[PDB]
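One chain comes next, on its own, written out as structure tokens in the form deposited in one PDB entry.
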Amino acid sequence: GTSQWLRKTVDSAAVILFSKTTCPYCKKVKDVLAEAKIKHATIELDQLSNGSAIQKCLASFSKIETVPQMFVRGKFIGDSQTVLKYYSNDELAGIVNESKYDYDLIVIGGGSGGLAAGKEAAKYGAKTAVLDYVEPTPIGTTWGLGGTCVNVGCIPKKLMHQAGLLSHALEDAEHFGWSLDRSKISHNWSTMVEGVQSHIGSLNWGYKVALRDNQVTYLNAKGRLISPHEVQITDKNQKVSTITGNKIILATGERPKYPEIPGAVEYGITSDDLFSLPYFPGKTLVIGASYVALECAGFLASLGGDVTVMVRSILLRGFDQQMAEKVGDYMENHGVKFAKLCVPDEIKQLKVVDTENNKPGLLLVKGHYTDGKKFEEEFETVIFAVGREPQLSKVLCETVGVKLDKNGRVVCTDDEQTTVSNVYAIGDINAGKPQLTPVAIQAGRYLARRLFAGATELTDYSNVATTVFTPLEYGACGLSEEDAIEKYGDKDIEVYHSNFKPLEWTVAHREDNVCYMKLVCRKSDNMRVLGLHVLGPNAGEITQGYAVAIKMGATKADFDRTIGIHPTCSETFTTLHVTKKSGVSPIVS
């Protein structure tokens, strides 16, 4: 069962060397290639279970079983003697560039997955193109290379979150003996946005150069797949040309949804517009209850905003709801208001945005609660966070035969492969996968290795940790309590929980018994940890490490036998004893 792979590897590899670590002639070929700046895949037969078998099977393609053996785009070019010849003749350099296609890999979308998968392909000799185009938001907002995370996501939102937490640090400082008057300290939104944008601008250029450095051809162009190897590009001048590629990776991501109600698109904004917004939003309504909505509501309120969240049903749908409710209660006792069981019917305009004076406008939101009562209040700014969607109607002609699911997302096999043999899909557009930056990065790299370096390792999308950067952070890894109970049954679920108080909150006179953690375990499987959950400061930092134990199948005994680091929030995970079955209080003393 080796030859299936060898055909797949040889034919799709751009430049590949079948080698050994202990082949003197394999060393000479490697050394030379590096001097000619010729990048390539290297598969070392002496470090594979099936080494013998592959040597004998190469005979099909090369007519010989020796090492080394260099291939270019499916074609055997030779052993060490033949490659050195072409080098001293200078015909080698032009041989490794001979391709049917302009490009070994075209990547449509220069975001988290695209950039990762392009840079990795180029490491193994792939003639690579990244296409990126940021279609503007309704009010005109646009941005540079990087994707959602870099420009309008993880990066700006966490920096603003940090702006938020420093507020409490100013509070905490007086109690820890510092002589500042927190009451006479205000926040300048423009100063903050200047700093955030400055950093994004440098990430934009950083990514431009990363591509240039690794000989990846960046085109600032809308790409459209008109057939399996043809990509139709459209540049800033509307100049429409075609470029050919062997392997196509779709990596186009998603954009914010707007509710289908009058005034939404005209008068309100999304996350896309928030992170470069030139004026303070002022009195703000966030419509939606996802991590984006509460993250944004949280930081706006911490920067002295008047913030209301309108929630259709529940907070953080898809997350453990005990933890979701605790996140919401924190925000509610710390200045964020909620309109529960409420939807928007209409956005009406009272004042237009004053670009002259950097003020926002003024809007009237009409809505209604589930019992039929009316909602009617003024807000300076209205942020929709009611979901994100792909639009491959833009990007793939429906006639190419890439099956999309009911929600517009690409249906892929376990190796990111679409219904077209040479076309792949990664990141937010890959149906069913968790919509996270690190997941788009590991998927994109691991795919590029499989295409261009004969790797077999697939991405593992299971037990992917997360962190919601609400004023009080919520980290998690694996199943919500409710999901564990549905899958294994209540009699098979043991839940260990405890409140805690960060030592930093003691002198600072913050709350006892609001920070909280639990382990959802499975009795019949040695109390296997199915779910880790924590609400407190630096939840991401706390949670991350445990993701490795959970991947490895950590049991409750594994948490117990580990010794804590003192003093930390994290340590309380090493001494949990109170079960939900016991009814004993998780408050601590």
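Positions refer to the first chain, counted from 1. Only the largest set of C-alpha atoms that superpose within 1.5 Å between the two forms is called the rigid core. What changes on going to the form deposited in another entry:
- The residue that stands out in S88, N237, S198, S179 is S88, the single one whose Cα moves by 2 angstroms or more between these two forms on a rigid core fit.
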Given for the second form:
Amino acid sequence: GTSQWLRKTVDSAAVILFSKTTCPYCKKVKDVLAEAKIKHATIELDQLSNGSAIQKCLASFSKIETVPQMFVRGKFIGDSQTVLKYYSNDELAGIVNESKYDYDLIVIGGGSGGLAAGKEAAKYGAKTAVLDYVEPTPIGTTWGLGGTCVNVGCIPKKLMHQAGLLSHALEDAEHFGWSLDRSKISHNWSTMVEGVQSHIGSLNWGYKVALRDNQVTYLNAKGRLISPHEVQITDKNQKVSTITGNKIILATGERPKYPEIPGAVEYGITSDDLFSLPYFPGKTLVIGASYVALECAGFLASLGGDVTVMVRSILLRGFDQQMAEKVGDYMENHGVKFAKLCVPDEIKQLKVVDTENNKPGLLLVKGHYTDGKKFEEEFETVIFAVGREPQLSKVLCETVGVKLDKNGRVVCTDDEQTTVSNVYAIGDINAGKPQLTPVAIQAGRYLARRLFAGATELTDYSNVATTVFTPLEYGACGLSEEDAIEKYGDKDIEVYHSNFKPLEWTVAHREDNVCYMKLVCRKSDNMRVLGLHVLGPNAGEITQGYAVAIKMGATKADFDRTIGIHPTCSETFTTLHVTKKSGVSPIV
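The form deposited in another entry is what I want next, because the block you gave corresponds to the form deposited in one PDB entry; please supply it.
Coming up is the bare chain, nothing alongside it.
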């Protein structure tokens, strides 16, 4: 138990000190390591339940049972007299830098998870390199350090969402007494994109400074794992070379998919291209029905666009379908057109994009509805949002032995280990895990702590909350209503629900019974909250806090005994009483 933990910790930590808070000999070693600029992990034995057992287990490695004890890459280095000796004799630097590999850690991929892992590992003295390269899109788009979220995901997505929310703010301002006239105000797309790209640029810069300040080596190069410890890198000048590392973290993420139809790659675009587009898309078709599809269609419409979404079958597959339908109806009532039960057959080019005058081209889209009727219509821009996929065939030689699943994602144990014992995987390519930036960050930081600082905490992937930033936002935590009924049966499930109206919407003359909330509960388990769902403004701020209560096992009774904050939207969760089985109306 304790014995196997100690061996695992000593074997993979890069530099680690065993210590007690009250020991002046340990203080003297800490001071020497600080002065020499030697970073290391520290375990304070006097602060652990079984420090006594741990102190005795150290002797199986060092043949002594006192503190301090210094180790470098699995090897006992000395007590305080020995460490001081090495320091005085100018020998300490060379010992702590002695390694069988170029790096203690190589991270392949410089996104949300990889950056977080690399920075955390370096704080405990691991000699670390992070590799990042951005393969250009079909039309040539490329961007800087930071990954999908920073450059072409969460960050620019929510900034343009905000630009679209401000259009309703301008409308609302008239009713609250401001003198503007919403009817004579227009939006400039390229002004918005300049502002968004300037913030992304400051993040690109920020991460390069953060890696330099943590002594992480940053290589803007494509990586390929060719054996368990060898990473082949290719330059921006196509220079090829090989580096070695003790531990390897794969953190390379995904890229958008294209359907195999004529004209799709040549004439359409994806979200990768959209957030830095130099011209307003104009009349736009969005193909797909994921949260990416619906979020982009939504802000394009709020910014004055003529927008259609082409839906193969359902909206938001895998989310609660009653919530998904309310999301779609609101978008349709505020402008967005939907072509339902429809797929595309080809894209034809009527006009080439005008780089000179900064204007889109023109396309003819042909398709069919599931009953066989035909679809034919002209658009200026066609955005494909039909899923994302890893491309590990590039990153990973088949002979290394890292196992993939039928979608090409990496099969991992619950501590992120692959089938190759020194190789781990995090973020979107970890099979079966929620594909979200806070998950990738948590997994990468927690893993770095286990490898290099002796931590034991695992990442908990259950009941992770989400928010879809559609024009009216949708927050959720836990099971959908249909999944709860599937798992436990209808008679064991109670659902509490209510409509509501934000106070901010009253003077503004907005809709009475559009926002909506429900709790899905299990009768036989003290009416445990199995899932929470809210459609309304600031849905992500509303939901975040409740995700702690659900993690702790909240029941309906816990929600009833907590008091509301007034006036808020979130307080409605604390007074729910209408059940779906009663058949009583949920309106206000």
